[PDB]
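What follows is chain A.
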Amino acid sequence: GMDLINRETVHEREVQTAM
Partner candidate 1 sequence: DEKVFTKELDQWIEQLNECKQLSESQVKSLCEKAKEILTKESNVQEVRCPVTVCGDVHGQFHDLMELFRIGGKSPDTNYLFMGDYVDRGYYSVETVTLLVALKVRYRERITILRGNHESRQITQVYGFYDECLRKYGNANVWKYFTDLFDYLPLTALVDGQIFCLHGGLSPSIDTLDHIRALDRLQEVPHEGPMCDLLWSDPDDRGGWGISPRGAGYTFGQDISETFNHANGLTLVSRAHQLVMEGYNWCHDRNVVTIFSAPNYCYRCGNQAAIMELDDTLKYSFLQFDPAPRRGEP
Partner candidate 2 sequence: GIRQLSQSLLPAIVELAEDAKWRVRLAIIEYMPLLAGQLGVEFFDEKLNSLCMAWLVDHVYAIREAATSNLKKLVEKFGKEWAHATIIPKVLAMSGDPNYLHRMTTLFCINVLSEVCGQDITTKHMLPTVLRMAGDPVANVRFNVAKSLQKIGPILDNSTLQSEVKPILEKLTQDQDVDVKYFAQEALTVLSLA
């Protein structure tokens, strides 16, 4: 399924984008 690392990286960016 979804790659392990990419799953966490995307949401980390979302949090950082929300700031």
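By definition in this document, a residue touches a chain if its C-beta (ideal position, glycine included) is under 8 Å from a C-beta of that chain, and two chains touch if they have at least 3 such contacts; residues count from 1.
On the choice of candidates, all candidates are chains of the complex that A comes from, given by their letters.
Colleague: Out of 1 or 2, which chain touches chain A when the complex is considered as a whole?
Modeller: Candidate touching chain A in this assembly: 1.
Colleague: Which residues, counting only chain A, touch candidate 1 once they are in their complex?
Modeller: Chain A reaches candidate 1 through residues 4-5, 8-9, 12-17, 19.
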